[PDB]
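Just one protein chain is left out here, and the rest sit where they should.
Chain lettering (A, B, C, D and E) follows the sequence in which the chains are written, and residue indices restart at 1 in each chain.
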Amino acid sequence: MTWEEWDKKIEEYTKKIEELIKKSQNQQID
Amino acid sequence: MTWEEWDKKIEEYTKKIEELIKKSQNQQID
Amino acid sequence: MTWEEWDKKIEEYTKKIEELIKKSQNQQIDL
Amino acid sequence: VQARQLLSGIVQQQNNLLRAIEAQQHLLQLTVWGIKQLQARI
Amino acid sequence: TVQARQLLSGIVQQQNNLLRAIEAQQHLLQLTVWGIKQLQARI
Partner (left out) sequence: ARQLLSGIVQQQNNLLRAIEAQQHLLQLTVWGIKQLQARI
């Protein structure tokens, strides 16, 4: 683990969740 | 954003996460 | 609270989440 | 058998689970702001 | 059926598993909220 990787993994794991929320919102509407 | 606003949003999201968990438990016992 | 206990509580709950995520993997019904 | 008011409860429980995940995601986006502002002053 | 009585049993069961991981992540989040306030109070 490293700081310059910290800022990289934070941004990529943040987007992984937001897509999974968008996917969970769509599956919810049913 | 200021820490004085940071604290306001923390104790506003926390009080609703606990509320959502309150609902999820009362719905879990069925 | 104390930072001594903070090290003991951070590591205690991380193990509880991993065991709870491990069981969710062993109990996810991928039909 | 007559799982009507059982499935229709699982759906609503799966909704509040989703909202609790969305609210923790906001909370986590408030923590990353604190660590990147505490780092800026170091 | 006996299978539809056990599929719902497993579905309800893992609805409990998803619920308690969210509970255990909130405890971890509140410790991160505490560790930030304590470190902020230093500077």
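Everything below uses one rule, namely that contacts are C-beta pairs under 8 Å (C-beta built on N, C-alpha and C of every residue); 3 or more make two chains touch, one makes a residue touch a chain.
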Chain not shown, touching residues in chain E: 4, 7-8, 11, 14-15, 18, 21-22, 25, 28-29, 32, 35-36, 39, 42
Missing-partner contacts on chain A, residue numbers: 1, 3, 6, 9-10, 13-14, 16-17, 20-21, 23-24, 27-28, 30
Residue ranges of chain D at the interface with the undisplayed chain: 7, 10-11, 14, 17-18, 21, 24-25, 28, 31-32, 35, 38-39, 42
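In the analysis below, only the chains that are shown with their structure count from here on.
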Chain centre separation in whole Å, for chain D relative to chain B (CA means): 9
Computed distance of Cα centres, chain B from chain A, in Å: 20
Where chain E touches two or more other chains, by residue: 11-12, 15, 18-19, 22, 25-26, 33, 40
Shared-contact residues (touching 2 or more other chains) in chain C: none
